[PDB]
Amino acid sequence: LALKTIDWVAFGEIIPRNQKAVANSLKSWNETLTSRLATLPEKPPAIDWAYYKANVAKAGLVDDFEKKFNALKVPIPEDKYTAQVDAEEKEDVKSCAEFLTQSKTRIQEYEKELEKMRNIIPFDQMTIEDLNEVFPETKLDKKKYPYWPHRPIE
Amino acid sequence: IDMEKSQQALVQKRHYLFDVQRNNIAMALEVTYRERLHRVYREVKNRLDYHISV
Amino acid sequence: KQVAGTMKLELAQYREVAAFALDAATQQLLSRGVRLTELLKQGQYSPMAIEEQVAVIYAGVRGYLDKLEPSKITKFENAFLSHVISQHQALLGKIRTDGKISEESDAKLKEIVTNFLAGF
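Residue numbers (the authors' numbering), protein chains in the order written: chain d, 5 to 158; chain b, 108 to 161; chain B, 384 to 404, 410 to 508.
These aren't lab readings, by the way, just hints derived from the structure by calculation. Quick reminder that beta carbons are idealized off the backbone N, C-alpha and C, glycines included. Treat the hints with care, since some could be wrong.
Computed from the model, here is a short list of chain b residues facing chain d with C-beta under 8 angstroms [stated by the list, open to error]:
(1) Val-138
(2) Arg-141
(3) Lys-152
(4) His-158
In silico DSSO-like links for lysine-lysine, alpha-carbon gap of 30 angstroms or less [unchecked claim]:
(5) d:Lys-116 - d:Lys-146
(6) b:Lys-120 - B:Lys-498
(7) d:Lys-108 - b:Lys-120
(8) d:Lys-24 - b:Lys-112
(9) b:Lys-152 - d:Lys-77
(10) d:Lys-94 - d:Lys-108
(11) d:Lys-71 - b:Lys-152
(12) d:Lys-31 - B:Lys-496
(13) d:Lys-116 - b:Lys-120
(14) B:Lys-429 - B:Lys-498
(15) d:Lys-24 - B:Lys-463
(16) b:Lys-112 - d:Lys-8
(17) d:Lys-98 - d:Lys-84
(18) d:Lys-72 - d:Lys-57
(19) d:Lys-31 - b:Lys-112
(20) b:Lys-112 - d:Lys-120
(21) B:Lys-429 - B:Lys-455
(22) B:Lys-463 - B:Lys-498
(23) d:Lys-57 - b:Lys-152
(24) B:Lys-482 - B:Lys-391
(25) b:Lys-152 - d:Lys-72
(26) d:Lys-116 - b:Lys-112
(27) B:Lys-429 - d:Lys-31
(28) b:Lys-152 - d:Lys-47
(29) d:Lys-31 - B:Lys-460
Next comes chain d alone, as it looks inside the complex:
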């Protein structure tokens, strides 16, 4: 009977595009079925058994039917979708381990790069070897262009 509450504004930002339209269809299912809950009352009424029977000629049949009705109880339908709890756990380990630890490690890297770039010796105090170590992408590549000036004049 208890259903958890959803804040769609944040929930929207979670779906990978690959499985997106399916999720929108799921949302649609949700609203449809929410309304189709809201409509029908909580519990079907009973029947005026005694008064009704007084209104019937074959009263004994009425009592028979009432009794049997009381006997029959609608089979309680069942769950088969704790597998979604399985998805909870699986995507939990997936996202947590891969994304959330690659995050910590990559952050450690970018942190050390930031440390380096904050304390780069002022260029006035700096030689070309320093720069070649700092931005290796300015290396003149003395092997692919061994001859001077090692960069095509363009």
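Position chains b and B against the provided structure of chain d, taking the given hints into account.
Using the frame of chain d, we list chains b and B on its own:
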């Protein structure tokens, strides 16, 4: 760095999708329940009423 | 009265100009009028309590719909009612009992409308 932090928070909030799925399943079954109740009650009502008609 | 005097004036202005379809104010009048027209439609055998009409026309006139497409204004309405009648029955009872929108009631209704529209 900031993008990493933000997507980390996104990962934190991830669960909402699965939770919506479970909510759907659960109350789908529930209102199936309630409509089956309505069905039996209404059917027996009709069955008994076509005798008052006679 | 509070909610609908504004709507009467706004509809008047919209009608005054709807004979051709320029500036910011003119287009604003056209858009607000079209939104209000879409808001006033209704379905058969679907009467609405006074508080529900107040809430809908409030969300329409104060301007919390000028971005939503006119074609969707009906659907919005429906969904909005479902939310309002479900969670905030206390506010609607407050409006019904005290037949007036107090400032605190106005603020609560404002935040309700903004929050609901957020989910779009």
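Status of the hints after comparison with the structure:
A hinted interface residue such as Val-138 (chain b) counts as satisfied when its beta carbon comes closer than 8 angstroms to some beta carbon of chain d; here the least separation is about 5 angstroms, so the hint holds. For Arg-141 (chain b), the interface hint holds, since its Cβ comes within 8 angstroms of a Cβ in chain d; the closest pair sits about 6 angstroms apart. Hint status for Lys-152 (chain b) relative to chain d: holds, with the closest Cβ pair at about 7 angstroms, below 8 angstroms. Satisfaction of the interface hint for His-158 (chain b) is found here, the shortest Cβ-Cβ separation to chain d being roughly 6 angstroms, below the 8 angstroms cut-off.
Our distance criterion of 30 angstroms between C-alpha atoms is met by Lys-116 (chain d) and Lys-146 (chain d), whose separation comes to about 29 angstroms. Proximity of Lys-120 (chain b) to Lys-498 (chain B) is assessed by CA-CA distance (about 28 angstroms); at most 30 angstroms being required, the pair is judged to hold. The suggested pairing of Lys-108 (chain d) with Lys-120 (chain b) holds, with an alpha-carbon distance near 17 angstroms, which does not exceed 30 angstroms. In summary, the hint linking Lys-24 (chain d) to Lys-112 (chain b) is supported, as the alpha carbons are separated by about 23 angstroms, within the 30 angstroms threshold.
For the given pair, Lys-152 (chain b) sits about 16 angstroms from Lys-77 (chain d) by alpha-carbon distance, which is consistent with the 30 angstroms threshold. About 20 angstroms separates the Cα atoms of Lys-94 (chain d) and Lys-108 (chain d), which keeps this hinted pair within 30 angstroms; it holds. A threshold of 30 angstroms between alpha carbons decides the hint, and for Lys-71 (chain d) with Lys-152 (chain b) the separation of about 14 angstroms falls inside it, so the pair holds. Between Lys-31 (chain d) and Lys-496 (chain B) the CA atoms are separated by roughly 27 angstroms; this keeps the pair inside 30 angstroms, and the hint holds.
Pair hint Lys-116 (chain d) plus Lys-120 (chain b) holds up; C-alpha atoms about 28 angstroms apart against a cutoff of 30 angstroms. Restraint check for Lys-429 (chain B) and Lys-498 (chain B): the C-alpha separation of about 22 angstroms stays at or below 30 angstroms, so the hint holds. For a cut-off of 30 angstroms, the pair hint linking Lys-24 (chain d) to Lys-463 (chain B) stands: about 23 angstroms separates their Cα positions. Between the alpha carbons of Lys-112 (chain b) and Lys-8 (chain d) the distance comes to roughly 27 angstroms, so the proposed pair stays at or under 30 angstroms and holds.
A C-alpha spacing of about 23 angstroms is found between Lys-98 (chain d) and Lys-84 (chain d), which places the hinted pair at or below 30 angstroms, so the restraint holds. Between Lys-72 (chain d) and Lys-57 (chain d) the alpha-carbon distance is near 15 angstroms, which keeps this suggested pair within the 30 angstroms criterion. A C-alpha spacing of about 28 angstroms is found between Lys-31 (chain d) and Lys-112 (chain b), which places the hinted pair at or below 30 angstroms, so the restraint holds. Distance hint between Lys-112 (chain b) and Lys-120 (chain d) is fulfilled; the C-alpha atoms sit about 21 angstroms from each other, no more than 30 angstroms.
For the hint linking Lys-429 (chain B) to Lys-455 (chain B), the alpha-carbon distance of about 19 angstroms falls within 30 angstroms, and the restraint holds. At most 30 angstroms may separate the alpha-carbon atoms for a hinted pair to count; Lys-463 (chain B) and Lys-498 (chain B) meet this at roughly 20 angstroms. Of the pairs offered as hints, the one joining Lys-57 (chain d) and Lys-152 (chain b) holds, with about 13 angstroms between alpha carbons and a cut-off of 30 angstroms not exceeded. Proposed proximity of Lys-482 (chain B) and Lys-391 (chain B) is supported: the alpha carbons are some 25 angstroms apart, at most 30 angstroms.
For the hint linking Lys-152 (chain b) to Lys-72 (chain d), the alpha-carbon distance of about 13 angstroms falls within 30 angstroms, and the restraint holds. About 16 angstroms separates the Cα atoms of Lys-116 (chain d) and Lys-112 (chain b), which keeps this hinted pair within 30 angstroms; it holds. Using a Cα cut-off of 30 angstroms, the hinted pair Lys-429 (chain B) and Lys-31 (chain d) holds, with the two alpha carbons roughly 26 angstroms apart. At most 30 angstroms may separate the alpha-carbon atoms for a hinted pair to count; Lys-152 (chain b) and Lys-47 (chain d) meet this at roughly 15 angstroms.
Between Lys-31 (chain d) and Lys-460 (chain B) the alpha-carbon distance is near 17 angstroms, which keeps this suggested pair within the 30 angstroms criterion.
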